[PDB]
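> Listed here are the chains, written in short residue letters.
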Amino acid sequence: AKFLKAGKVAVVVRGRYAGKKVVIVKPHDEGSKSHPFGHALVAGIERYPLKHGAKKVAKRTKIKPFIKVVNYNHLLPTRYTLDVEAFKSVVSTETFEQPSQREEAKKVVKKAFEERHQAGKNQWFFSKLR
Amino acid sequence: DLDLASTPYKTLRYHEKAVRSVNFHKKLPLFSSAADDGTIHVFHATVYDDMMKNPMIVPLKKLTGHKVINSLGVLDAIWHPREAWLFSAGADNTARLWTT
Amino acid sequence: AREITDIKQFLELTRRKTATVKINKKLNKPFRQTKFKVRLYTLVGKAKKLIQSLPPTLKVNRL
RNA sequence: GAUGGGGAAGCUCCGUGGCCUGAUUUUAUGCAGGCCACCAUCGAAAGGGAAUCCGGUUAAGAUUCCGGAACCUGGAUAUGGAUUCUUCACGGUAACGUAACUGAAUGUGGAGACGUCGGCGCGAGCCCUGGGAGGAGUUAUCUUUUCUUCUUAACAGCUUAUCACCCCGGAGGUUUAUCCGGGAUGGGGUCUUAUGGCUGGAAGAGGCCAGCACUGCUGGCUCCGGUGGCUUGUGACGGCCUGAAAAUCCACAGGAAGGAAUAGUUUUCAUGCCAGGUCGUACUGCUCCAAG
RNA sequence: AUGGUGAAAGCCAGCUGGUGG
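Residue numbers (the authors' numbering), protein chains in the order written: chain Z, 2 to 51, 56 to 135; chain m, 708 to 807; chain k, 2 to 17, 21 to 32, 36 to 46, 51 to 55, 60 to 78.
Since the hints were derived computationally from the structure, they do not count as laboratory data.
No residue lacks a Cβ here, since even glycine has one placed at the ideal position from N, Cα and C.
There's no promise every hint is true.
[What the hints assert, rightly or not] Partner residues are not named here, just some residues of chain Z that face chain m (Cβ under 10 Å, in silico):
hint, residue
1, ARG65
2, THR66
3, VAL74
4, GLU90
5, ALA91
6, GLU99
7, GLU102
8, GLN103
9, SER105
10, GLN106
11, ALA110
[Stated by the list, open to error] When the alpha-carbon atoms are kept at most 27 Å apart in a straight line, the in silico DSS-like pairs for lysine-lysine are as follows:
hint, chain 1, residue 1, chain 2, residue 2
12, k, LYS63, m, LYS760
13, k, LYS9, m, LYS734
14, m, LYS724, Z, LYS112
15, m, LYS760, k, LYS9
16, m, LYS733, Z, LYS116
17, Z, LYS67, Z, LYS133
18, Z, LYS93, m, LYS724
19, m, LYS724, Z, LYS111
20, Z, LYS115, m, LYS734
21, Z, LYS111, m, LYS774
22, k, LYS44, m, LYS760
23, m, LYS724, Z, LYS116
24, m, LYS733, k, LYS29
25, m, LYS760, k, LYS30
[Claimed, not checked] Pairwise CB distance ranges, derived in the manner of DEER restraints:
hint, chain 1, residue 1, chain 2, residue 2, range
26, k, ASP7, m, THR753, 38 to 44 Å
27, k, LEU73, Z, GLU102, 34 to 40 Å
28, m, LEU709, k, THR72, 24 to 30 Å
29, m, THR718, Z, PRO104, 15 to 21 Å
30, k, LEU14, Z, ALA59, 52 to 58 Å
31, Z, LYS133, k, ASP7, 45 to 51 Å
32, k, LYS64, m, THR753, 48 to 54 Å
33, k, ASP7, m, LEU737, 24 to 30 Å
34, Z, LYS115, m, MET758, 49 to 55 Å
35, m, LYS768, k, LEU31, 37 to 43 Å
Using the sequences and the hints, build the whole thing.
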């Protein structure tokens with residue numbers, strides 16, 4: 002076994018997504034018939050939630070999530086973790102590689118992160134690397 | 708339109724989810740469109756080709772019944788060879804046949 | 002000058021100020040080929064279908 | 001080389017600010033704050049630099065003139081889409097990719113932009129010639145013989161990648177020339193398009209022939225190949241001590257700024273429109289091309 | 001005199017045989 006279990010934080014390294022933090026939902030050390038090797042399933046945020058008149062606040066808190074499988078070679082191990090079961094039902098191995106469930110999973114992740122940045126918890130995840 | 712330009716002559720966006728199956732009727736000019744939202748539509752087309760004119764298309768009616776499961780709706784469909792009958796499949800482990 | 006292979010695309014240019025039609029001979036068996044050009052666009060019973068359908072608001076000179 | 005300055009009575013000498021913000025700035029219509037660091041100019045017609053190619057024209061001109069067809073800088077812009085039913089999009093794990101899909105200050109990167117030389121792959125010119133189509137010549141001696149024509153542009157879409165890079169792997173591959181590895185041999189892929197093939201340009205151009213007019217026209221050919229020395233441009237390797245400067249384009253970290261109900265914001269997307277000045281330009285000519 | 005002008009390293013095979021120049 003390995004410490005890269007569900008809920009472990011990670012960062013993408015390739016595909017131009019480098020620098021975007023992602024959360025591991027479930028690892029697959031043995032892989033599958035497709036991608037027959039150790040690869041993990043991760044989700045993250047494409048855009049971070051960066056005298057306000059209450060209108061700019063909503064725009065700032067808006068989050069654009071993304072979901073994609075990533076190989077172990079393109080993941081940076083992280084010493085932080087956070088709850089991930091809140092959306093494991095919609096984000097799973099079956100969901101990946103089959104539309105339109107990807108859109109529904111993205112919407113669920115967006116809602117969860119919008120309802121997570123508010124009432125701050127797991128702050129390190131919502132921190133953008135300069 | 709293979710005769711007008713490389714880009715599509717016209718595009719539709721009424722579908723609420725990813726379009727999964729679109730096929731042409733073997734005899735009639737009607738063509739069906741289905742998506743993961745469980746909605747099926749059929750459009751009449753003026754296939755007239757005796758003159759350098761673009762084909763006119765009109766919608767006919769909306770169809771539903773393929774309840775969305777796991778965000779997936781209509782998976783595949785096929786038109787009857789000779790009559791305006793359509794066979795549809797969905798993610799709910801069920802298939803439906805539509806007739807006039 | 003482009004490799005346009007669409008007939009209605011050429012007709013749109015014609016309907017959009022004089023055209024020309026070129027006739028060429030080639031063998032693969037011997038065969039005849041023709042070209043239609045407007046002001051550069053040059054399209055590759061096609062000849063009849065194109066010429067007879069030309070709008071009367073255009074003038075075309077052979078060769 | 002002036003300039004901030006300094007000697008010489010002296011003609012003269014030495015010295016190498018332009019940007020942003022604010023309800024109009026509380027004793028009352030008088031201006032407040034923040035950014036950054038320097039010194040003009042001249043000096044290259046062999047350096048960098050955005051852009052044109054084929055045919056014809058003369059008594060001298062053309063890549064300027066004409067016939068034909070494109071390219072580069074800048075601006076109002078007009079239409080469609082995209083941004084998505086609503087507020088700045090996605091695909092594959094990956095090299096990476098899309099017609100579009102906002103980017104201010106602040107720092108950085110690529111090109112520009114960088115010595116010299118040895119070898120090799122590749123396009124392609126030259127030298128050579130096979131088959132075939134037309135013209136010309138030797139020819140008492142032998143000769144299916146010798147010469148001669150068989151041309152394809154800027155530009156745009158496909159197609160095309162040595163090199164470089166990505167996934168499985170766990171103990172030999174390789175150059176002309178010894179270079180690479182516990183991450184190799186191998187299997188599976190991505191990309192920078194150097195110039196190769198196609199078409200359009202483009203056969204209507206030009207050229208090779210036959211015929212008749214008595215100032216031109218009418219008919220055809222302008223094809224299919226090959227590898228055996230000179231040459232050029234580039235790519236990729238390998239020997240020796242760092243081979244310029246500036247102008248100009250692009251991207252990256254950035255998230256302030258702006259984005260909805262009789263057109264939310266934009267037009268690195270597509271089509272369309274207009275303008276693009278002055279001088280040199282004829283001839284002769286330390287520097288350019290060289291068949292067997 | 002005055003005031004001006006001009007200019008063989010390397011590497012392959014068994015010290016011997018080889019490749020690059």
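> Does the Cβ-Cβ separation between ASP7(k) and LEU737(m) fall within 24 to 30 Å?
Given a distance of about 26 Å, which is inside 24 to 30 Å, the answer is holds.
> Need the status of pair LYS67(Z), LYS133(Z): alpha-carbon distance at most 27 Å?
holds (14 Å)
> Let me know if the C-beta of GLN106(Z) comes in closer than 10 Å to any C-beta of chain m, holds or violated.
holds (4 Å)
> May I ask you to test the hint 15 to 21 Å on the CB atoms belonging to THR718(m) and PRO104(Z)?
About 19 Å separates the Cβ atoms of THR718(m) and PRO104(Z), which means 15 to 21 Å holds.
> Given a cut of 10 Å on the nearest C-beta pair, is the interface hint for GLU99(Z) held or broken against chain m?
holds (7 Å)
> Quick one, is the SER105(Z) hint okay against chain m at 10 Å, beta carbons?
holds (4 Å)
> What's the verdict on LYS93(Z) and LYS724(m), does the C-alpha distance respect the 27 Å limit or exceed it?
holds (22 Å)
> Close enough to count: is the Cβ of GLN103(Z) nearer than 10 Å to one in chain m?
holds (7 Å)
> Can you confirm whether the C-alpha distance between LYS760(m) and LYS9(k) stays at or below 27 Å?
holds (8 Å)
> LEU709(m) and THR72(k), beta-carbon distance inside 24 to 30 Å?
holds (26 Å)
> Starting from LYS724(m), check that the Cα of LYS116(Z) is at most 27 Å away, please.
Within the cut-off at roughly 19 Å; holds.
> Does the nearest C-beta of chain m fall within a distance shorter than 10 Å of the C-beta of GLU90(Z)?
violated (18 Å)
In the structure shown, a violation is registered for the earlier hints numbered 1, 2, 3, 4, 5, 7, 16, 20, 24, 25, 26, 27, 32, 35, in ascending order.
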